[PDB]
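One structure below.
Note that one protein chain of the assembly has been removed; the remaining protein chains are unaltered in position.
For clarity, chains are labelled A and B in written order, and residue numbers in each chain start from 1.
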Amino acid sequence: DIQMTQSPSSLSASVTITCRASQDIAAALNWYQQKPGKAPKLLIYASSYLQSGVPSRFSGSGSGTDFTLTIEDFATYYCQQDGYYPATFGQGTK
Amino acid sequence: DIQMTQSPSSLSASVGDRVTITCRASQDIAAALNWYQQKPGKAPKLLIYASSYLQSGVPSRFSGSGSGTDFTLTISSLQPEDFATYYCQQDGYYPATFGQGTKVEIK
Partner (left out) sequence: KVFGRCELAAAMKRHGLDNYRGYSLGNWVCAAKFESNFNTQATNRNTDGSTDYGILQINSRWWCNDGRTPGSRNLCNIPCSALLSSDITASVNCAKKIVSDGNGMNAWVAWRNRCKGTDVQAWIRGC
């Protein structure tokens, strides 16, 4: 399995998240936002393609193995690679 | 998009009980339906791929079936380690979409 390591694991912050793949996944990396007891919602597809309805303050970047998400929005954020079987998530950042 | 409807929303049963969770897609998605397990404090992890393919290390008490619109995940002998929220996800049409999840608790 391709292990997705996010850092940091937790963040306190008042009104930049990293994800690292163990293997080169090119740009096949997606970002998800989950609020508590809610389903994950897809924010960004293929590194930087924002989904319709997601505000511009959310941007995404990176290729190969090192990726970034850039910041109501207190939630857990997950990266997920869906280019290689099995699709995998990182452990999240809170 | 495709709207996934999952049920029930939560459940609680005893060790050894048979439990079943249903997922209904808003249109026909063939077998392009996965099940994720999210244990507390953890990421979602792929449990079943494409309606019925068990992922490695997943115990054979889990299974899944369905093709088209209606899908099921069955845990044939509920165990305390299954304490988790389970999500279905259709991955046949962009964008991939999740069900609302089912929290499973064990007396």
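Assume contacts are C-beta pairs under 8 Å (C-beta built on N, C-alpha and C of every residue); 3 or more make two chains touch, one makes a residue touch a chain.
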Residue of A:19, A:29, A:42 or A:79 in touch with the missing chain, whole complex considered: A:29
Can you say which of B:4, B:21, B:23 or B:32 touches the chain missing from this structure? B:32
Looking at the whole complex, which of A:6, A:33, A:34 or A:47 touches the chain that is not displayed? A:47
Missing-chain contacts on chain B, rising order, are 30-32, 49-50, 53, 92, 94
Contact with the hidden chain only, please: which chain A residues? 25-29, 45-47, 49, 82-85, 87
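Just so it is clear, only the chains that are shown with their structure count from here on.
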Can you list the residues on chain A that touch chain B in the complex? 37-42, 45, 51, 78, 82, 85-92
